[PDB]
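*Asks:* Read off the chains here:
2 protein chains.
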Amino acid sequence: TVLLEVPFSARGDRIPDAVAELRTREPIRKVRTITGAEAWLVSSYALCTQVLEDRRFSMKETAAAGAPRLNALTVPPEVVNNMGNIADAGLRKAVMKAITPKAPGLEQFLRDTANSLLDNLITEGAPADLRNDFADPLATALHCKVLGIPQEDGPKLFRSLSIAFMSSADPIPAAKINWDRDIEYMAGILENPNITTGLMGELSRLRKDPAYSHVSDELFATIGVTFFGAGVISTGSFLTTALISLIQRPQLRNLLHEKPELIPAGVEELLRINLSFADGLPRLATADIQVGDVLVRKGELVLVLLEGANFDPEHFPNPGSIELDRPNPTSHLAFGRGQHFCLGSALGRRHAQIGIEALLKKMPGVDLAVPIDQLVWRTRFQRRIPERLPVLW
Amino acid sequence: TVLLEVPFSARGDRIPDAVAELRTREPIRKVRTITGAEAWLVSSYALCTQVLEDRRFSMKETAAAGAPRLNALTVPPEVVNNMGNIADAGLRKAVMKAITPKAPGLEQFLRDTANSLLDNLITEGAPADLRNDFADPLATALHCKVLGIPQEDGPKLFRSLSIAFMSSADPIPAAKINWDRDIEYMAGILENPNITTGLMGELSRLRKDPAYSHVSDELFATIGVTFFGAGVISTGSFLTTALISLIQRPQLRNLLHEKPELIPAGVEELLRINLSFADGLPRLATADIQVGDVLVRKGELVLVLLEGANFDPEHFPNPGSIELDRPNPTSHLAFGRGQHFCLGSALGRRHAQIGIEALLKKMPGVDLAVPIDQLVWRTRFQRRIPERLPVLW
Ligand code: HEM
Ligand code: HEM
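Chains as they are written, first to last, in UniProt numbering: chain A, 4 to 396; chain B, 4 to 396.
One or more hints might be untrue.
[As the list claims (entries may be wrong)] Here are the simulated DMTMM-like cross-link-like pairs (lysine to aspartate or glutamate), alpha carbons at most 20 Å apart as the crow flies:
{"no.": "1", "chain 1": "A", "residue 1": "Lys301", "chain 2": "B", "residue 2": "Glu271"}
{"no.": "2", "chain 1": "B", "residue 1": "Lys179", "chain 2": "A", "residue 2": "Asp370"}
{"no.": "3", "chain 1": "B", "residue 1": "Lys105", "chain 2": "B", "residue 2": "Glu271"}
{"no.": "4", "chain 1": "B", "residue 1": "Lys159", "chain 2": "A", "residue 2": "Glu271"}
{"no.": "5", "chain 1": "A", "residue 1": "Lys159", "chain 2": "B", "residue 2": "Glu271"}
[Said to hold, decoys possible] Computed, partial: chain B to chain A, Cβ under 8 Å:
{"no.": "6", "residue": "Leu258"}
{"no.": "7", "residue": "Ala372"}
{"no.": "8", "residue": "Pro374"}
{"no.": "9", "residue": "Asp376"}
{"no.": "10", "residue": "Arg391"}
Simulated from the structure, these hints should not be mistaken for lab results. Beta carbons are placed, not taken as given, at the ideal position from N, Cα and C, and that holds for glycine.
Make the full structure from the sequences, and use the hints.
*Replies:* Next up, the structure:
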């Protein structure tokens, strides 16, 4: 038999029984990635947190030439250290401030957008596709507003993402074509005097402030492309698979419909059980480091399996059940942990909360319109998502 | 180990090594379908032809209540015998005449449509998706013209197909919703005095002719829905995967570009090697019948594996190679054989020939824009297709 291959399944509606067997038997174990590289797959809550909280397991060094790879780069190697670059340019606080859901008018914009999308689906009649015609457009609209860019520019930027977020053994020529185009777009945005709000409006101002005169135009454009992509793919994908989890729990659907004040707790549990990340989070060891029964050697690749942590019964008893009264509800790793904890966590929560609130109000009878096994799961991608999500109501 | 399950792979770019091993060892053998039923999978050219040419292996009887099933019905059971119903209504010759590619102006329409689609892709710039933005729209436009219906009605009818042609273990609620809507649409077309050309224009006339006064309005509408769906899914899917086969053979691409008069021979070979049909063709035995070393019993399900026949080296030496000078070039089973031989075979050939001619003229440098393994193959569907086909040129 060959060395255990990752990822195990592209299906995002259920966790393989094998994850629990692996966590019990070998919570750090050797695997082969799609590139043919070896890696250590970490699958218990304790060991996942250990790796994520130890910066000697480096994100930046995953981009080093000659390293064992999970998958091919789809961005320039310097862009793997995007947040480090942002910090070094003195831009971290400004970026963080631009991406909070608390910005005036933003939540009402989200609600208005969700409700319009849903009204259009109701007008057209069932079946509706909740990914392509709800969750993804909601994510796209949100991120255009957050960035300060025209809504009509969203679709073309969105269309890069089915390739930009591939998880490929080999470099992807289309990724570079789209990256270079999208960078040119963001560079134009920075020069556009009409763009005065949101993240790009703020970066535009900082660009002309003496305190940032030696920050490169490349970095400013890169922030725009990377935040649009990461935010849109992450929120669209999470909301889509959260909707599946909800639709398959009619009792929970009914409870949240009846008591919408429980939606934040529900969304936190949907985050905990979410299978949106298709691969473990990669890190490269910069030292020899003991992780459980394994001495990881300098230069080795480590993969932090989020669902390994999040379904660990030692930390989350009855891990497969959505319980709205857990004593440790935000202690999941859906947003990572440590140095690279998700900058967009509050925005991600709000997108999902508002999307779900709107859907339950407009479509309280929502149900799948096809048997669950008929969903088509995207392969060799950094997220798990159904290509279409057909529903009726 | 469990009984061998079908289908073997949803990948449409390569035949599994296992097909040849099976044909050699056990050219009729027992398998389990997605419903849990047992079936006989037939995989040699000799045995596939035998089954297809013996009407005691019945298409109609596959719809019988209580039969072992390949997959769930997505149409009313009477619609499985659509061609029998057409014949009995005296409509077979008229339907055949309406779907030939030789109709005045049709081939020029195909060429004009292909060229417009391609010009739009060139204007937008690489990468382009040759399935969603070329092959499928070309198929849809063709079938609206063939039916005599407005081009602007094509997209909505097309959108039914990702569900109508599912290969599901269980009935699909959305299939019935879309079927009933599409039937209402075709019924309206038959009543619409503006619709005077194509298949629906002819059926409209025959409907009011005394020789067809006791043919049901249900049958007339059913012909419209079934011919649109079967034709669009079959041509769109075939052309898409033929384009992959061509793109992966730069020499052949160059030869057909240089000598376009060889395109018909090329398309015949692309048909022969095509993996578009995801499942064997189902038949139910109506008698005990010897097939190779197996006595198939009355009531048993038989699956005719088209690629089993078409890659059989006993009939097609060097079966995986496209050879434009074979002595038996149309003797493949891409269009079936016998009673249920494809009514649209000439139209299917023309769609593909014209699409390929246009693509090679406009995009002689066409190549995949992503590694081939990055294509996402649709699962649990009656065809094998990539969800997107990214190319550059
Ligand atoms: C529910 C939605 C989201 C989920 C589940 C999610 C998940 C994650 C995870 C797991 C990480 C850690 C990656 C690692 O440590 O290797 C991360 C980091 C990150 N997230 Fe999110 N994310 C979401 C939404 C967003 C949004 C809306 C944005 C911005 C608009 C965003 C921007 C980022 C960025 C820029 C990082 C990199 C942090 C770093 O490398 O230091 N995310 N996210
Ligand atoms: C390259 C394109 C096509 C391919 C590969 C294809 C393939 C096939 C195959 C394999 C069968 C036999 C099914 C069986 O025996 O169980 C068939 C039958 C059929 N085809 Fe096609 N087809 C194509 C295009 C079309 C088009 C354009 C139309 C109509 C516009 C069409 C209409 C039909 C119909 C109505 C049948 C049923 C015949 C019967 O049950 O007696 N097909 N096709």
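*Asks:* Evaluate each hint against the coordinates.
*Replies:* Hint check:
The suggested pairing of A/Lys301 with B/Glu271 is violated, with an alpha-carbon distance near 56 Å, which exceeds 20 Å. Note on B/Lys179 and A/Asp370: the hinted pairing holds, with a Cα-Cα distance of about 15 Å set against a maximum of 20 Å. Restraint check for B/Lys105 and B/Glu271: satisfied, since their Cα atoms lie roughly 18 Å apart, inside the 20 Å limit. Between B/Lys159 and A/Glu271, the direct Cα distance comes to roughly 37 Å. Violation of the 20 Å bound is thereby established for this hinted pair.
Taking the CA atoms of A/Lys159 and B/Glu271, the gap is about 37 Å. The hint is violated against a cut of 20 Å. The closest approach between the C-beta of B/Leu258 and any C-beta of chain A is roughly 24 Å, which is over the 8 Å cut-off, so the hint fails. The interface hint given for B/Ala372 holds, since its Cβ lies 4 Å from the closest Cβ of chain A, which is under the 8 Å cut-off. The criterion of a C-beta within 8 Å of any C-beta in chain A is met by B/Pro374, whose closest approach is roughly 5 Å, and the hint holds.
The interface hint given for B/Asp376 is met, as the beta carbon of that residue sits about 7 Å from the closest beta carbon of chain A, less than 8 Å. Hint on B/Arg391 holds. Least Cβ distance to chain A is approximately 6 Å, under the 8 Å limit.
Of the numbered hints stated above, those contradicted by the structure are hints 1, 4, 5 and 6, listed in ascending order.
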